[PDB]
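Below, in structure tokens: the form solved without this ligand, a single chain.
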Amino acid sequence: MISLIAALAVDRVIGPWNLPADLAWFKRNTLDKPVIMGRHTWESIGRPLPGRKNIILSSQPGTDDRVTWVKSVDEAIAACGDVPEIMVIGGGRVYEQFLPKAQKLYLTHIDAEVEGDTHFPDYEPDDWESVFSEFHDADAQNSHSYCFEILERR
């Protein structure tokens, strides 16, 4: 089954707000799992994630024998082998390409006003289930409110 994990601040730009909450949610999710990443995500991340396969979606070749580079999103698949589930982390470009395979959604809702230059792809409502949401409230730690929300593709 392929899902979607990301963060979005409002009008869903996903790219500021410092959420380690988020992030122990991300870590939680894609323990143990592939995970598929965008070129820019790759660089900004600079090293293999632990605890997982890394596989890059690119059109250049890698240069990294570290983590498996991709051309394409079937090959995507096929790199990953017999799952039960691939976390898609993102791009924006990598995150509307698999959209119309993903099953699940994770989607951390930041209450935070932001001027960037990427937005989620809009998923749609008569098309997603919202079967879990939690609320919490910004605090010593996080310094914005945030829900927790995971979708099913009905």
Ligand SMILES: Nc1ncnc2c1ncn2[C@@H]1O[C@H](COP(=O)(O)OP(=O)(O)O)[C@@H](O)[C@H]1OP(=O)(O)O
Contents of the next structure:
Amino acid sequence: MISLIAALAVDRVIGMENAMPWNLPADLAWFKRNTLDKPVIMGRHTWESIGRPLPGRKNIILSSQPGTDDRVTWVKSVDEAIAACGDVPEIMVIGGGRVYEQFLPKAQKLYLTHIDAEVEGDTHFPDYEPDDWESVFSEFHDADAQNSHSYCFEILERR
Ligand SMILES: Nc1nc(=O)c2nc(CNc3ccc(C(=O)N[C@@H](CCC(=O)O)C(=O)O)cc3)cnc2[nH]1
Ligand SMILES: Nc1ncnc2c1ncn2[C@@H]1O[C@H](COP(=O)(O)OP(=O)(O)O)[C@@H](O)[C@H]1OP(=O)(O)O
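Moving on from the form solved without this ligand, please list the structure of the form solved in complex with this ligand.
Expanding to the full complex; the earlier chain stays at the top.
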């Protein structure tokens, strides 16, 4: 099964030109916990912003162009990406906007982090109808000395 994982502010904003104005180490501990030892699919843009291959994960990058990094796998379409994952119990899709949009319709589960922040952004997570998903897990956290804003982790299963 395919799952999507993303952090979103109000308005489904997931990214902007510059770094986001927040610091959420807890969210990043969650992301890692949920993606480790699984293959992750991402768009060329997300990859550049990450910078290096995520450790302990099979990295598959989607690009219309030839790959410029032999440490990861480059594919040219959605179908190839899926096949590059092989026979695994769960494929994690990490972004960005374009990529989430293409995989949404094919995903069975969403691992979302709702951040209580209002920011200007230019990339949104795709609109989803809640009634189509069952919240199987949900846990709110207040901001703290380490996390600049409050947030809530939620796991959704496609009904
Ligand atoms: N929940 C969630 N949070 C995010 O920040 C997010 N980011 C992406 C794409 N951008 C990124 C950027 C950096 C790292 C990153 O450095 N990850 C290290 C974290 C080390 C730590 O725990 O700080 C990792 O190994 O996963 C991951 C994804 C995709 N889904 C998301 N989903
Ligand atoms: N179906 C697809 N086939 C090939 N490349 C694709 C793709 N969907 C997305 N991409 C790539 O993934 C990049 C988009 O990355 P992203 O989804 O991380 O970015 P954004 O968050 O800005 O929408 C696309 O620009 C394209 O890479 P190239 O610009 O190198 O062509």
